[PDB]
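Before any questions on how it binds or moves, here is one chain, the form solved without its partner chain, in structure tokens.
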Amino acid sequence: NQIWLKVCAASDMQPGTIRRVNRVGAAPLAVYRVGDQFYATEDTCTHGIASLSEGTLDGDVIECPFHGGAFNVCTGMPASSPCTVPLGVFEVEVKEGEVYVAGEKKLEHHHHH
């Protein structure tokens, strides 16, 4: 909502490509161009800690490079074994021809007694 991370020009991403987005002190994101639409998840495969931005898109499915598990990039839901834990999904907006991913940070929670 408030936090947006500038990735690159929309024209800098060919369809079927992934860009990794690093966040100082937080988990990296993967931004995917599927044809003419943009999606984002956590970059880190929930199964065995691989970088999904080093994988292969097959339409709207990201194939993990380590064990060939896979996720739907739109839903974050597992699409191939051995993946069982869904990815966090992040909103992506193109603003003035530039790709931004939501920082979906400001997750804030106090000590309960």
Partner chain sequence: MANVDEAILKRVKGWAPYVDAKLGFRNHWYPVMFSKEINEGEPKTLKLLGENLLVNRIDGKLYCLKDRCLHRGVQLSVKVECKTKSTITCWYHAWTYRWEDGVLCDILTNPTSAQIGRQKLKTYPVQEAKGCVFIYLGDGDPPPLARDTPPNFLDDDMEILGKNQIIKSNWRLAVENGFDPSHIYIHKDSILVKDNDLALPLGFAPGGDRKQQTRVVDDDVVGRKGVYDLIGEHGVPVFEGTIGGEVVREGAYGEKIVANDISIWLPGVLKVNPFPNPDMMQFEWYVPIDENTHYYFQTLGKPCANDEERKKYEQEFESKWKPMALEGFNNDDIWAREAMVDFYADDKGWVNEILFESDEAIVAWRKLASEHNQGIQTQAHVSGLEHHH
Given for the second form:
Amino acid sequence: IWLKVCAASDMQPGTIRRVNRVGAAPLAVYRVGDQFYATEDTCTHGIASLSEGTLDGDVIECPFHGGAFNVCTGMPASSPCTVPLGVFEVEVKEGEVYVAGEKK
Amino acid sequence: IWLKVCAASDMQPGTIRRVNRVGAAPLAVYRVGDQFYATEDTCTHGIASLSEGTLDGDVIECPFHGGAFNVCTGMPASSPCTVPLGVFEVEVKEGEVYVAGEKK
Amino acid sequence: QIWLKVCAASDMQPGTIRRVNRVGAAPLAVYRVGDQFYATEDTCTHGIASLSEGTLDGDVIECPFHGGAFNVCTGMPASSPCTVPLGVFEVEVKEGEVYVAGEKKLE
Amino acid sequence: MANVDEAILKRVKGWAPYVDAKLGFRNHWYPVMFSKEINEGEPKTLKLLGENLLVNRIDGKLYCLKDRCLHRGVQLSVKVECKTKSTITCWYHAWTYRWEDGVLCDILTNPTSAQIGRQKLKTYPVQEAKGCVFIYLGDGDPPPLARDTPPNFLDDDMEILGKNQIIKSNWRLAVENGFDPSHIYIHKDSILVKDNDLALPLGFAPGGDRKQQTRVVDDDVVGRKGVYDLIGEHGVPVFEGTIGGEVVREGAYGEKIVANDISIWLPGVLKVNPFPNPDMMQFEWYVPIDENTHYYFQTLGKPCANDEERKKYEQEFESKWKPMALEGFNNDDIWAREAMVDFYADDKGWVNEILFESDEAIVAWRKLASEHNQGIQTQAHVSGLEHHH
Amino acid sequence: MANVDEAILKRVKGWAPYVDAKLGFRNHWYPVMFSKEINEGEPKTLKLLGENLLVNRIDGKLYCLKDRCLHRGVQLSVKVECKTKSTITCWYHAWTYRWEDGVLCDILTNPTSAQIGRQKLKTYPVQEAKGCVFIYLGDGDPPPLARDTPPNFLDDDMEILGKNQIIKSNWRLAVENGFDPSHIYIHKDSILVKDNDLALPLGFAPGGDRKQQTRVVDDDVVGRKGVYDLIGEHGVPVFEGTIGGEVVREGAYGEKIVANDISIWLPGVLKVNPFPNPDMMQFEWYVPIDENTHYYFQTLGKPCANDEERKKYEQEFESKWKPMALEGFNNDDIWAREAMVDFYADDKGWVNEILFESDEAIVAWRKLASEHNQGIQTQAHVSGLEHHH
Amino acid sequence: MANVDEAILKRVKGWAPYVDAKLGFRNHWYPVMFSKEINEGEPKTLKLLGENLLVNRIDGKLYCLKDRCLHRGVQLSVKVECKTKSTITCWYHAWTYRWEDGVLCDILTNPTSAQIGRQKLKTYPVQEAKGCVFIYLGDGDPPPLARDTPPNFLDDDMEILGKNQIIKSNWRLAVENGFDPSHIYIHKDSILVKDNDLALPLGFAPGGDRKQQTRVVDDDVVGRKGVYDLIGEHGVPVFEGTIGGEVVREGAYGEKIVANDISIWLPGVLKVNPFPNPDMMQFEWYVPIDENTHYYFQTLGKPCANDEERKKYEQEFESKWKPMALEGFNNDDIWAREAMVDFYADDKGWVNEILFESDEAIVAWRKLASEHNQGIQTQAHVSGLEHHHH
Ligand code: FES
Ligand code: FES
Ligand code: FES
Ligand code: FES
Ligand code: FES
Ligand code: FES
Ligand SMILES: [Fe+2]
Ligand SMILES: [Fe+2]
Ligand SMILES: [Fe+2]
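Switch over from the form solved without its partner chain to the form solved in complex with its partner chain, please.
The complete assembly is shown below, putting the previous chain first.
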């Protein structure tokens, strides 16, 4: 079920970490300030890795075409993205980052 | 000769008032500050009603194409207008506005 | 002919240009940048314009024809469309008198 | 949204949205061809509101997909590959889409692609009515077709026959010319006038107030939006054209009275009744193809009680009405539209035009269109909507 | 009047108005056709300084109206309707104008319209001289034609003959080529050289100072403004062209001396004297049609005391001068002008050109034109002047 | 720079330089014609990177001068006047330049002009190799030609034959199509497949990670920069194309194995090996002419040890390879390129394209090109570089 991703301190504020999942699409864990969010890593508009994009507040900018999503709702924030990103609730307990097993 | 338009008090400065006449073309009355003026209501560049336009100082702008005239002289102030507007005499006798039946 | 008598250092105000015509030779342009004097060919290398009719901005002269420009000290282009360096002529002041070289400097 | 210089749009306060609508109004139904022009399993291409489209008939039903692959943007139609009854495969990298919903259901060049089932090619609703193919060039659930058609066009007993072609002028020039009360002057020498003994004035001397010159319909039982030209209600028909007092031209004194009522409706279809004969009606659309061209989709309707009358009507249409009216009368409208192209090409004609009385009809249409259109088609809709957070 | 990038105009400080005059100079007379090309009651179309015009001959006199109806901006010429001798009726809604003053005197589609007698279609003065039709493309009462013609063109005894055609290049490129002292090199193989035994150098080695290279005329009592090319007064003509000191080309050593008196005059007409023969003169205009084209109005003059000489001159013009000179000599000027189009098309050529000595003549012309033109034609003059506040 | 709207360039942070290079990359060698097409004293005109050029052969050697007179900017080629063996004289006012260094050495219309010997017309290095004419459209001393050529093109025994033509599409669309792993689908019906018994899949099911899909070359000793398409090293080739799980098309099961070694190199040349036959190689350039067109410079190489062998190859080339491969196989690439024109013409396609896995190869190329190109050709290079005194 829940996936133990990393220690909260393993990520500096404003950074993104790609989480590979054997037999499944990779995820992207974002650290916005002292909060953590997670979505599918692959941009819904192509093959770009959002973990290699630019984080502006709660909005992740795709490195390929400048499309963007709100990492909290997964909804597109900038064109050309039109397909909502899969979102995974995140929980931080005892300084450890956990991400829901399935989109939700 | 003269026609009863309205009470000088009924018109706030910077406003326009259309004066419909029986068996004749409509006129437009403008209150610029504390002075009143009158001209043909129909824009000389087309069939627009200047009373539906915008008054800026002593210049009336036609709603159709943005042409304009000086309400005091009736002379064109902005393109595409080129034909001077007909000006009519106004009189404020005892807090009451009157417009001349014919153009001065 | 080594040194050509131009004028008195006094006859020129800072930031001005003077044309020096020469018998059987192309005209020169003498520029006063502050209290220093410099000189180059007067004809713009980009065409037939007279640089002495241009505008001096510091140590850079702007041609009146197309807006090209040169650094008056080095003669190197400062603004397009100019691309060919100007010939530079040494200038010296002796006894308050301005003299310009009759031959341009070489490498 | 933003198709014309902002300085020009600021000047035409009476109808800025209309002037901006160079490419037409989005979210409306538009006729583009006749049902008989598209057969089972034979995809057809066309351009509507600047968008390249593909229409196919599968099991008798029509489907419409945007003719542009999601991958590298090529037109699928360059080399059509319909490998299964319900799909179309791009000739480039084999991305395959379902005609029914446009879903990217397969990719022959990479069956394991993560894109499969995760993308959708734009689809548009298509409906056939009266032998005509209508496409809803819009987003979301479409409104009833009746909203975008003139009254009676969809009447059960109304038999519709027509002709369609591409004309080189912006759609608005076509609409305005058709609804123009005084343009009747260009038809003074039409063969229809003489051959069908029509009464046809040269123009009209308006009567009454400007409000009485037109009748705007803001809502029908089906949400229709349009304007009726009532210049003839209190106006005086002009049958003798004079210059300096001398008669230089005369209208036509035929006995057949036609065009008692003329109305224009969004998205841009004119209804002339009765025309070209007292027992018929004419409905014609000026469909935006791009900023410089439109489909001139002409139709003539006549109530027919049985197959017998429909047969006779069809014969009369082909032998007389199509050549004498649709062509013999309306051909003059075609070059008239083309004649206004230059003046409005730089968008400056919308400011410099000098209108006169009968243009109250055109002004009413411009305002109605500006206030009730369902959306302005932009170049961005064509290339891909843009938005930056 | 902003026809070119401001950054470029800022760079060409010596002649910015000229560089900005891409559409030509307004308020000057321009020849557009020959008298024999416009017949009584047969209106003719043409474009001058970007404006579409119509010329008509009524009772032998010429009249010019702008070919654009005030109403919806269509060209009246699409379907000419001159219903009375003194008027023209627009084919669209019948707005009728008087040829003599452009006043909207009638409207057949609505004889009660308030526009009648209140609007006026733009008119332009027209004058015929020497069998040539000149139009004053300007506003207000026109100056005398002589102001915009070269000296002697209007001489009583001067018989004028010529030809006109449309050339694909901006008018300025044609003017500069014509007044270009060194371009004579492109004529070294002209049939006129051998066939008319002319003396013709390949170029000129200039002599004297800058001022001596030309004679700027700004004191002409008639108001004429122009420049004389005086490169040959102090220069040594080149008859032996060399490369590496080796002669590779020779000029023409014929006995006929020609083209020793060349001058250019606003608005853009060249005078070559004597040419193509020692007893003749050539006057040619480069009239702006639009930013990419001009009329190459060629005329040859020869004093004639009577009909006998006029017939003889006419015969030689047709059999020799026109084919051997106007075409045999000037044809090379046509493609030479076209060859410069690309370099100046983006306005960059006005900055990047690398001039040499003989171009002093062209520079003098650019300055004269910049300082003495009567106005800069703008696209707004074409669509409709614009002004706010 | 300044070729594309800045708003668009800001969006494609991964390869902005490449998207901006609509006119191609300056300071690289480019083939423009075959040696046999330019004869002694027979100047030829051509446009490369938007610039009009003139090429001539003098005493066997090739020289290249910009086809635009310094004076009034006309093309010297409108009326060529080569009055002496080492010079060309403008037909307008006779400014004369030396083919060897472009120096304005004489002016027939004014032998006393001060411009003489003080102006220089732009010249570009020209080199002939393998029967191909290469022009270095750049400034300063040129690098070795080998830097801008694919490996083996210059091998001693490699006999090169080819065909060249002008195609109506931007050069980048041609490059991407050529290096596009999955575009192989458009060639499924080529006469070359059946007529030369080729094994040709319909596509590929990628395997492994991103890094493994290609091999970026930036360590080559000659300085060449390029990318190898390794999609087939972990990917399973597709021979059965399915829709809804049902087979609707199959690939080719021929015996000859080809094109399992594909690489793209700056400035824009593809190498397919072996192709179109197991004992041959194909090297093709997509040379920028202007923003809308390119030269499709095709060459086929085959090792030959002597005149007898290279002659046999030439005959096979004319009777089979040219019509069956260069045309029979690549003609489909031509219209495929043209098909992408509209989408990218407004520069919006660079933002709106929806890529899938195999495009990993194209992305790698876009990144390599953006990082290792030697300069962006701009419209200013064409009209005249501009600079304002700061
Ligand atoms: S791949 Fe992310 S915006 Fe296109
Ligand atoms: S109708 Fe008033 S500006 Fe045109
Ligand atoms: S002549 Fe000086 S910049 Fe051109
Ligand atoms: S462009 Fe259609 S599958 Fe690639
Ligand atoms: S456009 Fe001429 S009368 Fe209407
Ligand atoms: S344009 Fe070449 S010498 Fe003048
Ligand atoms: Fe009509
Ligand atoms: Fe000439
Ligand atoms: Fe291919």
